[PDB]
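A single protein chain has been omitted from the complex, and every remaining protein chain is retained in its original position.
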Amino acid sequence: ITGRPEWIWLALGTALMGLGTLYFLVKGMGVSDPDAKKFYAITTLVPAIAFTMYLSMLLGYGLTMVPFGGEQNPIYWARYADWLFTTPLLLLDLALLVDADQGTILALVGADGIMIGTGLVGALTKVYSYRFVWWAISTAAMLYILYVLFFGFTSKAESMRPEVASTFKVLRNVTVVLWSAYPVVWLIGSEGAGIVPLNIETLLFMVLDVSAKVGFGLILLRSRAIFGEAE
Amino acid sequence: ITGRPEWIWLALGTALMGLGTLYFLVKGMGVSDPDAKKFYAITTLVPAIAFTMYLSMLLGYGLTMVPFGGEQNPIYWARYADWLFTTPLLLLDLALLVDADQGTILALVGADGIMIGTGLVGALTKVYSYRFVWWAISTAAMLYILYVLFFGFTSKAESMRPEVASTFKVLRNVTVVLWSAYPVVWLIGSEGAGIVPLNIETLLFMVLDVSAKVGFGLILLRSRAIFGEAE
Partner (left out) sequence: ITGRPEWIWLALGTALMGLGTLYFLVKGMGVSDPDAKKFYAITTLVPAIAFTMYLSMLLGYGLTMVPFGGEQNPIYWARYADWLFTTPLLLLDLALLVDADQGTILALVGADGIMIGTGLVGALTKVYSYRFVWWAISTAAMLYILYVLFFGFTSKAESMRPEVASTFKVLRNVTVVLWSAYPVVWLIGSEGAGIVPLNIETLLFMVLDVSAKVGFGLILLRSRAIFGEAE
C-alpha cells in the first residue's frame, strides 16, 4: 500500500468519509419527520459509497494501468464508480429541496450519467488525442447541469419557503464552484496532459470530494429546510 | 478509423443522433408544462445516449474481439450499453402516454432489462451453439413486452384522451415493427449465423436505431398528447 506516494491522501480520504458517514448516521437517529428522513438517507449514503471506493483505491483494487503516450499510466477507475452513484444523489438533494418537477430531475440525472460515463470512457481510452474528445463531451454535460441549477432551480427556490431558498442558494453556490474544479484537475492531471503529478492530483480530488460530500452534507443537515413546516 | 468498412455507417449514425439530440434540446426550450417536460426529458436523453455510444464505436472503444467458430469475431458491445438505457426510456415514453400503473411499468422495464442483458451475454458467449440459447431467452422477453404493449396498453389508451389514444397507437405500431427487426438482424448477422456481413449489419442497425429513436421522437414531440389538457 505504502509503495504508492499518493497512499497518504487515499488513507486520509477513507478516514474522513468513514467519519462523515458515522456522524450523519448518528445524527439522523433522532429523526421521524418523513421529509427529513429523505434528506438524511440521501446524504448519509453519499459518503458511505465514497468510503468504500476510497478504500478500494487504498488497497489497490480500484486502480488499473492504461497504455497511452507510450507509457503504462496508473488510472484510478474507482472514482467513476463512486461518482456514478454519488453525483446523482447530490443532485437529488438539491432537486428535492426546491420540489423540482419530475422531468427536470430526469434531465439532471440523465445528463449527470452522461457526464460520468463519458469521463470514464475518456479515462480508459488508449488513443491519447481521443481522451480529450470525451473530456469535452463530459464537460458539455456538466455545463448543462450547471445551467439548470441556475436558470431552472434558483427561480424555483424563490417561490418556496425562505429557509429552503436560502439553504438552496448556499448549496447551489458550493456545488457550482466545487464541481467545476473536477474537469480542470482531470485535464492537467495524470488522466489528461500530465502536468500535475498523480500524488498532487490525488490530494486535490480528496479535498474536493470531502468538501463536496461531507462539507455539503454538514450545511444541508443543519438546516431547518429539510423539515416539513410543522407546528 | 477508416480501416473498418463499416465506419461510414457508424459516422452517419453518430451525426444523425447528434443532430437529433440538438433538435430536441432546442425544441424543448420553450416548454413550461410539467407533463410535456417529462416527455422532452425522456425523449432528448435517448439520442444523446445513443450519440455517445455510436461515437465510442466509431473511435473503436466500443468494439471487442470474441473467439467463436475458430475465429476472432468483431463484436460491438457498446450497442448493449446504449440499449440498456435507451430501450427502457422508450418504453417509459409509451407507458406515461397511457398513464400505465406502476406494476405494469416495472414489468416492462424488468423484462426489457432481461432482454438486453441476455442479448449481451449471447453476444459475448464463446460456445457457438449457446449463443442461440441466449438469443431465444432474449426473444421471449421481447415477446412479453410486445404482448403487454398490445393487450395491456392499447385498451388502456382507448379510455384516455383521443389525442393520446391516436398518438399511442401510431407509436405502438412503429415500436412493434422496428423492434421486431433487431433479433432478426442479430441472428443473421455477425453475432449469429454470419450470413450478412458486418458492414451491412451495421447499416441495418443504424437505420433501425435512427428510426426507433429520432423517428419515434419526431412523432411524439409534435403531438399535443404530451401536454396536459389546459385552457
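Note that the chains are named A and B in the order they appear, and that numbering of residues resets to 1 at the start of each chain.
The rule is simple: contacts are C-beta pairs under 8 Å (C-beta built on N, C-alpha and C of every residue); 3 or more make two chains touch, one makes a residue touch a chain.
Participant: For the full complex, which residue in A:59, A:176 or A:177 touches the chain that was left out?
Facilitator: Of the listed residues, the one touching the omitted chain is A:59.
Participant: May I ask which residue of A:34, A:67 or A:70 touches the chain that does not appear here?
Facilitator: Of these options, the touching residue for the absent chain is A:34.
Participant: Touching the left-out chain: which of B:3, B:70, B:103 or B:228?
Facilitator: B:103
Participant: Name, in rising order, the residues on chain B that touch the hidden chain in the full complex.
Facilitator: Contacting residues on chain B, toward the hidden partner: 101-104, 106-107, 110, 113-114, 117-118, 121, 124-125, 127, 130, 133, 137.
Participant: At which residues does chain A meet the chain that is not included here?
Facilitator: 34, 36-42, 44-45, 48-49, 52, 55-56, 59-61, 85
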